[PDB]
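Okay, so here's just one chain, in structure tokens, the form solved without Norharmane.
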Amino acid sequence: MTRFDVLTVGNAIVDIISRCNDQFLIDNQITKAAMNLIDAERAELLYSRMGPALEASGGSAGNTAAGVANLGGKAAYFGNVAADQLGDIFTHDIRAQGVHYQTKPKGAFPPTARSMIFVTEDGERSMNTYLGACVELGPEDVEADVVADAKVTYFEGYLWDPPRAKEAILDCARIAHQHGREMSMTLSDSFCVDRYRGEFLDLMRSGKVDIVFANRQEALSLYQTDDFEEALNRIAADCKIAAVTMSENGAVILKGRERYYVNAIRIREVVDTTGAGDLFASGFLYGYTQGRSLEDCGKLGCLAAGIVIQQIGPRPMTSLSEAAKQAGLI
């Protein structure tokens, strides 16, 4: 028996969510649909301009871990909060979902990371993230027994921003592979890819990462191309398995020369796209560690992602397992 199906590792963040008009993004020089890193001063400035908000636990990998547990898989998470009220919210929410979460805060300062997420009328989300205590995640936070006893360890490209998180990830890759497990990453964001393109390619080509998640824009950014067919050909050459999401066009799963196209589910409306990619990874990795086919992995991914975009908040409030049973994916 393996204690865990999926361990995820990421920036532990609490989301502060508000709807805005299109001009708000322009007026405030916020790059639409992207993750915009901000300092403490800018965080205070943007917050002062933000309307009344809602808070919900976030963090890309955090959401993925939660989604896996929701579907019924066994999940763990590494990510660093502060000993403050926001960190207590993050800690509660992830543990309440049944995710193993044992990363110890180092003190109250820097405070727990938060992301001000502005949702436009089209349902797109634009994130403004102060990393706070996420900068203290390092090799000391690697629970070696957890990595050794997890079928897949999945991590965010976003971890390349804080200074020492990469060292933790390299330790994870070593332990995971020594114990016959698989490593996975998400490219996270097209600008994050712009920042760490060479390093991400090295992770894939050195075999430190076995399974890569990307959306269309990230895959284009990885190879600095406008040719999507080139991007798919190259990503398939650079990693063992690639899962590439294409928004309303669903996704394509790649393994060597194999290609499996999956449709997006029918949706009422795009309420808020926050979490779509994360929950795609949840569905995929749940299916994968249940020994399902790559196509059914894609189907589970598209189901989980389709559900999350129909609600405010990055973690489905409804039962994904029930949804999966209802959709005949079981």
Given for the second form:
Number of protein chains: 2
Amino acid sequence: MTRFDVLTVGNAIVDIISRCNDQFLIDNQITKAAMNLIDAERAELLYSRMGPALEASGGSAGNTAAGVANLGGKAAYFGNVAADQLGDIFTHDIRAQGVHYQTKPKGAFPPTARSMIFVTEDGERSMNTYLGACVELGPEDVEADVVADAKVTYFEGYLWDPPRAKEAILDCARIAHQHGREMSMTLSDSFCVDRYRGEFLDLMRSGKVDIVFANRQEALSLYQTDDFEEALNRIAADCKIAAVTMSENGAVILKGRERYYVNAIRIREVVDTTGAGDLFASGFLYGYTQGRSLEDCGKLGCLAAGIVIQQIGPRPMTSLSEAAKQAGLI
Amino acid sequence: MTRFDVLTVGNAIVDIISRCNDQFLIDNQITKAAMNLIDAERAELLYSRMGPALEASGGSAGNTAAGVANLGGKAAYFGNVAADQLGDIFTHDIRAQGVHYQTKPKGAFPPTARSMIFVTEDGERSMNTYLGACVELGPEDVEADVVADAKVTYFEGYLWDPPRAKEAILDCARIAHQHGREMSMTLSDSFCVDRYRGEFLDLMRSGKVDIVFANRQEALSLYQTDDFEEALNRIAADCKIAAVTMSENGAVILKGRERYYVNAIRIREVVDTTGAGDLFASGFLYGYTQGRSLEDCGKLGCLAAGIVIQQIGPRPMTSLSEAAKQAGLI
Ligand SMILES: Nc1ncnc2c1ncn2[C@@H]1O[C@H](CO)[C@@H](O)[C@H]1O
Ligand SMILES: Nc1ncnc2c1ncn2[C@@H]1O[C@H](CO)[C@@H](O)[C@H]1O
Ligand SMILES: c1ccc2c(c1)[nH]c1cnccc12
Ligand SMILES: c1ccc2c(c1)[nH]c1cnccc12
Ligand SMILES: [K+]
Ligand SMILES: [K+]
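Here we have the form solved without Norharmane; I need the corresponding form deposited with Norharmane bound.
Full assembly next; the chain just shown is listed first.
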């Protein structure tokens, strides 16, 4: 018996969420459905144009860790906040979900990362992220005991933007594999993949990553192709297990020559897609660390994702474990 | 043509919102449905026991001003935040709604007020408020030109808790009545009324307040009676106009011997009662300053209240003006 099912590592972010029209994205040159990196000046600018907002703890890997705990798994998280009110919110929210979170802030400046997330009428989300204190995440923040005692260590593609986070990730990979654990990543965003395409391929091909998460857009970007079938064939060749999501078209889990397709749950209405991919990973990884079939992992992932997209905010406010029990996924 | 329809004055607060069971309230000695003042030590203690939360700009009068702007009226707000991240959120949200808000922070400590609001399964909300920078609001924060140029100046009973806010209110009353405007207050909370019963009665009887807002519990507390008919008779004798809310039983507007009963709107589900009274005031006062009948003012209030209780958070995220037009209140 270990200490953790899943350790996640990512950019520790508080979300600032508002509804907007499609014209707002165009007028502000915000790339729809993407993670748009912004500096401090642009952050003030966009905020000044944003309507009344709601704040909620975010960060892709943070959301995933929270989702694992919610389901009943044992989660830990590495991510750097500042010693400020946003950092205190982030710290409270993830710990309150029962995620082990011990990353120490290094002062108040730069301040805690925030992402201004604009949700259009179709429920799509477009994020505008000032990384702030995230740029300080480094090897010093790896709790080696936690990596050793975690069945899976999962991290964001997004970690390739700050300068030193990749160094922590390579340390994690070493420790995890020396202790017989597995490493997992998400490709995070199609433009993120475009920035670090060769780096991500090498992580998979070198065996530093055992399990990869992608959506259709990320898979297409990875191989710079318009052929989804090609992308699936190539991603299966590059990593031991790939979990590929296709929004309303469900998901497909790849392992060698095996493909396992899973239906998407039918939705009342899509309120806010923020966190869908993150909570797919929560469901998948919770299932995987419980020894479940790859199809059942995919099912648990789709259930979590379906729930999160029917609420405002990236972390389900309801019990995922109760939802899983009702679904016979238990 | 004057600059503002409604000026409101209150405690400038950011809400920290979480769902709990009724046992949580009992275990923590939290008075259900009430505003519970807390010190910094208790605030840290309650937060440590609170689940994952979402944050949203609050403050009773702040919500009311936001509501008036949403409906399409011209609003201003007086309230003191700190120069910190929470005060920046508060400043942004209220201004983003189109409310004039120019109260200057005086420093970073005490920090911006926050209220931990626990929503039980029945949708009732129980608030736990550390006043922080609110204690600094005083005469120096009265923008005399704004008072002079506002049709109605409305304020919270809650302002009697901090030490100097009442002095600002007395100055407001003087400037308002010198310029032929009207003053309004809400009784805020039944325990607030119990703390300041004689002071509140004197505000009404002296004519410093022209229009009073109360719910049933507040009206009963004011006269220390179990007889609601007595409370209505007495409140009508003590102020020019009283607007008394009765939750699912609608509202009654009183003027001398005139009484106007208004029905509650039909609702899907009570998600979170936070802000109901605030937004009743928004609807009523928007109507009042547009020269609408007292019955139509009550209708506009019940519409606004009904909308806010079907969402999480105290400020409607949808267009109240659109809703009013759809309801045939225009
Ligand atoms: N650069 C980034 N790194 C990690 N997560 C991010 C980034 N930008 C936005 N997010 C998070 O993505 C989550 C949705 O997947 C949001 O909660 C938001 O907090
Ligand atoms: N002491 C207080 N004074 C003014 N407003 C308050 C107080 N405590 C809580 N509130 C606000 O009451 C609003 C709901 O009516 C909430 O948004 C909360 O912010
Ligand atoms: C960002 C997002 C997607 C893409 C990209 C950059 N470059 C590509 C080249 N080919 C296909 C997709 C992409
Ligand atoms: C708080 C809330 C309600 C009340 C109170 C204090 N004192 C009362 C005396 N009589 C009736 C109600 C009350
Ligand atoms: K969501
Ligand atoms: K509400």
